[PDB]
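There is one chain below, alone, in structure tokens, taken in the form deposited without this ligand.
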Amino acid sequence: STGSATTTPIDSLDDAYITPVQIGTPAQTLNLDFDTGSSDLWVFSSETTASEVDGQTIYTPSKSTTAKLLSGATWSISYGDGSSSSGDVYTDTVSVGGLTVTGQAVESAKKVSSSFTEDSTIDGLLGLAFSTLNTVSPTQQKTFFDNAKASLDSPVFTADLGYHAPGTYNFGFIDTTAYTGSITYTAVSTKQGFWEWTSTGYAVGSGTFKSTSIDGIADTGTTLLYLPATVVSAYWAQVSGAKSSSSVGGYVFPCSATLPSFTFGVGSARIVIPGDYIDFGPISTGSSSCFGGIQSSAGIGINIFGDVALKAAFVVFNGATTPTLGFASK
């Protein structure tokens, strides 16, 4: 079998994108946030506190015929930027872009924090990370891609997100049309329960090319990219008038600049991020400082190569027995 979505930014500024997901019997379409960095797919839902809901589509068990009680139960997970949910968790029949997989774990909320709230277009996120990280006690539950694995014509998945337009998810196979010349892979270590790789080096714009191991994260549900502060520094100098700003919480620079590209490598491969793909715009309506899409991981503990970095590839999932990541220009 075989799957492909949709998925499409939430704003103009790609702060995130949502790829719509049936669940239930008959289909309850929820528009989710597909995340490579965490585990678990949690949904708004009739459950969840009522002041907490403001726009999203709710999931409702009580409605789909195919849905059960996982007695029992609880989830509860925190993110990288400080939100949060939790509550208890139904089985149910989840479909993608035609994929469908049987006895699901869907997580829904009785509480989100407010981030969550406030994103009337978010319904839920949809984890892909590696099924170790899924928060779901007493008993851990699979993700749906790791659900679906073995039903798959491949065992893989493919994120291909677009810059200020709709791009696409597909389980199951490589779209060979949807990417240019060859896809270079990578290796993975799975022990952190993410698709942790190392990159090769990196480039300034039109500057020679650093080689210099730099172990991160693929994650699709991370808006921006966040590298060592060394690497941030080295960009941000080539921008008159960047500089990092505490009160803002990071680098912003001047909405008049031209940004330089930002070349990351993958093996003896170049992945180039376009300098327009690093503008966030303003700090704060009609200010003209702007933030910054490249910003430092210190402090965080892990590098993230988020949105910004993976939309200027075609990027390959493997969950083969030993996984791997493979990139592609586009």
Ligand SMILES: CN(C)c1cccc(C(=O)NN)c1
The other form holds:
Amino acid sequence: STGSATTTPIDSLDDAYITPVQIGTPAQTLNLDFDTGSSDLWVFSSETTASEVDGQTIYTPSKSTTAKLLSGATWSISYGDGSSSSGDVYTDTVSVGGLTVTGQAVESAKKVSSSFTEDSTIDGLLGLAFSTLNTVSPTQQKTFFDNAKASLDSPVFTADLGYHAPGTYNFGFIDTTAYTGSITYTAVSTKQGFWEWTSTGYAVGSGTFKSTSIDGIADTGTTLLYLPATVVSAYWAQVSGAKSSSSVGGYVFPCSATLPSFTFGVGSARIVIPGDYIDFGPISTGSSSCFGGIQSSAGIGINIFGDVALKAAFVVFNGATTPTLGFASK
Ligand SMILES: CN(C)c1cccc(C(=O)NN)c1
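Based on the form deposited without this ligand presented above, generate the structure block for the form solved in complex with this ligand.
Up next: the whole complex, starting with the chain shown before.
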């Protein structure tokens, strides 16, 4: 089997992407944030505290003839941005882009933190990291990908995120029309439960490539590119007036600037992030100070190849017995 679903930016800045997902019988379609940096499929639901729901579409398990309470199971998760959610668990039928999994754990939120409530466009998350990170207790549950894998034509999914435009998540096949040149594959460590890999270095604008190992994670659920302070300083030093602002919470730059590109290495290959991808707009409405899309990972403990980086590439998440990651230009 295979599946193919379009993923759409939630706003003009590409802060996140939503992908429609069918849950239950008859189908209830919710727009989920596909997150390669976590491993829980959770949804706003009929069980979510009413004051914490503001415009989201909810899953109502009592209206699904295939929903079954997973007795005794609870979940609770907190993300890198400080947000969180928790609740209980059903199994139900879940389909993405024509690919169907029966008996998928659908984690029903009883509580969500304010940032979830405040974002009406995201109805929940669909985790695509390794199932070892799944938070369901006392019996850990498998991701949608993990459940689907054996049925897939090839044990892979791909992320093709758009810049200010829709893109695609495919399951079970590599669309050879969706990228240019060849796909360069690189080793993955699953030790921390992430799609963790080592970039071979970077360049700023038309500058020379610096060969240096940068360990980080491919994380579709993180907006920005978070890299070591040395690398980030080298980037922003090429932008007149750019500075790190502790009050704002990162590098800012004059909105009048034209940003340089940023290149990262994948083996001997190179992925170029155009300068415009690194512009996250005014820090507050009407400001002439703009927020940068490349930020330091120093306060995080891990480097994160988030959407800013990933949307410059066609990315293969290879879930074969020894997982790997592939990157192509597009
Ligand atoms: C340390 N934490 C929780 C962490 C680290 C790195 C990534 C994430 C995540 O949720 N990504 N979508 C979370």
